[PDB]
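Participant: Use the sequences and the hints to build the structure in full.
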Amino acid sequence: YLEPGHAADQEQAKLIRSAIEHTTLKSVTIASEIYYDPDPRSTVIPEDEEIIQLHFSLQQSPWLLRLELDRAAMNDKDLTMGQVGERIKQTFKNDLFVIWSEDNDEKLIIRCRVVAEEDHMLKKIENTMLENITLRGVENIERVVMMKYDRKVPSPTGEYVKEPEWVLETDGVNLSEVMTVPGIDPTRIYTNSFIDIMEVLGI
Amino acid sequence: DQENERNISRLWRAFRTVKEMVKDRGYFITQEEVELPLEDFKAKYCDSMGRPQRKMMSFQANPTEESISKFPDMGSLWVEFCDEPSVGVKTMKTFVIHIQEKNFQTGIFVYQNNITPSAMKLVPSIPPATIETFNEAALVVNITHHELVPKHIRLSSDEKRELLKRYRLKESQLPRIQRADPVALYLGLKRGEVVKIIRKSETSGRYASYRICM
Amino acid sequence: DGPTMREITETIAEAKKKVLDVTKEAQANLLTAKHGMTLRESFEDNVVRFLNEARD
Amino acid sequence: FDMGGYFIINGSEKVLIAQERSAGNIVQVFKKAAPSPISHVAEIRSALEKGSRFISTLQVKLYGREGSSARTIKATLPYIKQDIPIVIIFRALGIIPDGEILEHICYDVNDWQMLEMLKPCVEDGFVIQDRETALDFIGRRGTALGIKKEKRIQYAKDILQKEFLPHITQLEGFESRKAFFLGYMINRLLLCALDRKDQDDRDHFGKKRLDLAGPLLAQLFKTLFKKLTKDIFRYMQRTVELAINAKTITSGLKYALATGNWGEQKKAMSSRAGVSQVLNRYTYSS
Amino acid sequence: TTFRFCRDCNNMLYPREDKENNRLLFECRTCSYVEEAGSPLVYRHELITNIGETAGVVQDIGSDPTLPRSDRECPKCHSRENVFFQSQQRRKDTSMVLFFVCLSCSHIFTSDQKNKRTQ
Amino acid sequence: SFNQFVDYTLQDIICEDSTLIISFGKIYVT
Amino acid sequence: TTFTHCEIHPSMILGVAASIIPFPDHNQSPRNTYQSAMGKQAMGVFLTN
Amino acid sequence: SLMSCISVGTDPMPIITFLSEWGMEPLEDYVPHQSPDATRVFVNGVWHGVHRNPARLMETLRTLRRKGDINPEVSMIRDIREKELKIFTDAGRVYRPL
Amino acid sequence: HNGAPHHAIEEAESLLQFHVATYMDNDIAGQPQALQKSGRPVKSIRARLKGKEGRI
Amino acid sequence: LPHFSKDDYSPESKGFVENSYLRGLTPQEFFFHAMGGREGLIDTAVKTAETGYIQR
DNA sequence: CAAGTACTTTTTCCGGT
RNA sequence: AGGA
DNA sequence: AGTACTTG
Ligand SMILES: Nc1ncnc2c1ncn2[C@@H]1O[C@H](COP(=O)(O)CP(=O)(O)OP(=O)(O)O)[C@@H](O)[C@H]1O
Ligand SMILES: [Zn+2]
Ligand SMILES: [Zn+2]
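Residue numbers (the entry's author numbering), protein chains in the order written: chain W, 1119 to 1176, 1187 to 1243, 1254 to 1341; chain B, 2 to 215; chain C, 672 to 727; chain X, 197 to 437, 446 to 490; chain H, 2 to 120; chain D, 50 to 70, 90 to 98; chain F, 736 to 784; chain P, 540 to 637; chain E, 281 to 336; chain R, 784 to 839.
Note that these hints are calculated values from the structure, not bench results. Don't take each hint at face value.
Claimed, not checked - Here are the simulated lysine-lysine pairs, DSS-like style, with alpha carbons at most 30 angstroms apart:
hint, chain 1, residue 1, chain 2, residue 2
1, R, 789, C, 689
2, W, 1144, H, 117
3, H, 115, W, 1205
Facilitator: Next up, the structure:
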């Protein structure tokens, strides 16, 4: 249940929807590839030549990790390449060198290079990425839905009047966290798992 | 600016809830003190770069006038906020003897991420005084405020004596509240302490239950 | 009634078209999947719903 | 009007109720559930038409979960404890170089997708590099073990001959025939794993056989005729130098058909009961 | 991807980097064989796969009676004789888009009123 | 099914692994 | 136009018990599963001998 | 059902002999990358080999049964898509006349 | 009491333990069920008291 | 059913019984009604036990 | 350590192998 | 094996 | 059909 004010605010509803519904790098990816691109300043891939030109102007591994992201998926689950990349960038910190094609650019690509024996290590980094990286939402919370539940409320004139509100239905449970989220009513929140309610809110 | 702004809001939220809990326990706290705005909290406890200085937050609380009538031996409380995400045996022993000397009755320790099992071994160290651990993250939202959460009320040793006399009970016979119950934690319920629970009823309009502590 | 039977017979016929319409649409990739549903899950819900609307 | 199709056992009309069963010698792939190490399994319940009837089932398993690093294909062999990586079995069959092993599994030299999935199996079975060291590796893992170098290699030979994929052949030199089938199983396994084919319907009537009065009797008769065989041996042995018990056959048939307990004998469970029942005669239709 | 094998062994080839001349090789780990890489691509994942949509389109696709027929003219030969089916890729997500196979030239075309293919 | 058992299957079981150090020829059903 | 075979009669999908039911295509399916179990509790001539 | 029957159980050998003498490559001799799309032939889940033109083969086997030469209770299926021709001489299979 | 062939005692002891075990409970984890000469197993005292049908 | 062409999603193929009991059912309609009906008889048989023990 | 295993209460009350 |  | 239990 949304914050007391924003009842009919469908946009506030969409905001929490995105802020709580869990998204992983796997969900957005089309395919991941491993290339031997030895010179980092030049590129065997001609498409990427453009991306190198900019993510350079305004020491590392010769082995490349190149993953193509889906446009349509980066939409229903609103996403910027910048915010996707920044996640990867913030996971491996300074053990990985990350470059990415712009939101405008025709194909959506993320170029990764590491800081004897390599081939296997990069194929390990790809699972640590697809499976182990979260972009949006909270863990255990899946397919979040927007609902316009009908609510009865006393009017200024005193009569009980139909004043419906925007509500969110989850397809997973994590009470401990969704409560702390800004923009909700942590006084009205309810989960069908009562085992959880007793744990968080008392017997 | 970035996303530093959220951890600021979250710390202030957690603070309000501590102020709320302390008032509720039976300590002299103002309504103006609880409802202190986000803007006021910033310019009070934030350094030269607007980063929250938790060492400043730490406060002392004295019983309300009313509290000394029901619970006379209710001493003063110490609330300690630490700036280290992991609290070590070094900073713990500081606060432990702080209570022992200032002769406090109770003491709350609000930590960010963890408390080392080294520091945790010093909690029952200073009797009759008592210590309480509290994860800041849990304190963001006051559970007591929830729809489903009724008014729990701690009973005086004489009130429990009467409750049992009046209902012809043995301590066994009463419903139990676990010592680790969020509400038994909020009120700092001790073993044997009884709560009077007042819930609304679709049946009678008002129903009074009782729960003994574990 | 014969007229009530005509009316019922044509009620089913229109529902069967409404279904075929969504069927040609989904085979031509034009269907827009409902948030939190397969493209198919979306279609079947619609088909099942038109058929039940009709039965009633 | 009486139709027959029933027996008369000690004056009562006994009926043999047709017993449903899952058909034998059939390759089927099933997606093994979410909290399992194995993600997909190729099963084949291989039995001989007649000849002791081996209930030996071959399990070609795809280890590792969806999105887990190192997804290997291992197979469970009759009278072998551990799950042998496919490659070793091929090497134990004589198919030694990877590529000749890969030819048996993936039929298209173009399909990279399936081949990428086979790279780990090659990496697993890399240690063993000849037919000999492959039979020793299988021989090492018993059964129990049966300690002796010459012994274990001599065993795995017999298991693959007599026990592994016992339909096709139980005979000697047929290594190529069995190896192309194992490859057909691994192909059917990966086809399902790469979402190209469907998980087999364990509820398809075509994959089910109803055992009627005849085969039911044969199962019983074979059990009994081999029980008469051991009695013939006992009389021959005692004759340290024409009395062969006809009761055993008569009685056993009479017992099972009377009791409905399709087993041996008054000492039944686990056997199979409810098979033979008394013919309903309330109505002709009944 | 499309990978090679070692001549002499037949055993599969593993990558090796030639740091000195910055080039990819493929060593045999059974014998001493080595050969330069054809492509700079070593591994491909493919999460949103499309390979297996038009499997088993054997020229006998017409002889299956179980298959439905349509009166859609071929994009190539303009023949109104075709056998159609849905994406033979057995995933939940999959769209209902049809694949038509000509009963004269045997060219494959869709009902996809969004995308222009060649498979 | 029963007829198949008597006419064929019975003769199979009678001599599939029968022979003992004593073999079994044709079977007769009265 | 692809028909390989034809159905001899669609009432042959039914077994002995269901086959005695008049107009079963005019009944709710379980009512037939019912009658298919009752005719076994009926009475009549079971054999002439 | 009234029309259903069960397969009594026939001998595979005359079919196995027939298939080989009708263009069947034995599995022992098969070479996957030479003959690629060859329809693979099975007789009771026993892979006997491959055949280059199943269309002709399916027709010969179908018309053999339909004449009476192949036992009528024997079932033979041609999955063109999967490229398989499976035959069942098997006992216990429930069938219906059409 | 008589000629004690040391092992022959730990033998007869383990059998007595078995009988006094299977008398009170026949349906034990350690599989060998005490079966009456007929194959049918012996009715334990525990078996007499076990739920729905039987004493309680 | 084998009386339908492949990849048929039409109401008639997926089991929509267009006819009334007064009018009678087609063989396809009949068998589909049968599949559905049998599902009820199974869930009564299953639940009737679960439900009894809940009460206990 | 985990998977896959056994048991268990697994609805009630009413002719005879 | 049947009955509500 | 589920749950603590049990054994690999
Ligand atoms: N296995 C069982 N256990 C306990 N009670 C049962 C039972 N089976 C049937 N009953 C009882 O018998 C009653 C009648 O069920 P049925 O004989 O099948 C006719 P019905 O289902 O009630 O539909 P109807 O009144 O429109 O004809 C049930 O409501 C129930 O109380
Ligand atoms: Zn080599
Ligand atoms: Zn054409």
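Participant: A separate judgement is required for each hint: does it hold in the structure or not?
Facilitator: Structure-based check of all given hints:
no.	hint	verdict
1	R:789 with C:689	holds, 21 angstroms
2	W:1144 with H:117	holds, 26 angstroms
3	H:115 with W:1205	holds, 22 angstroms
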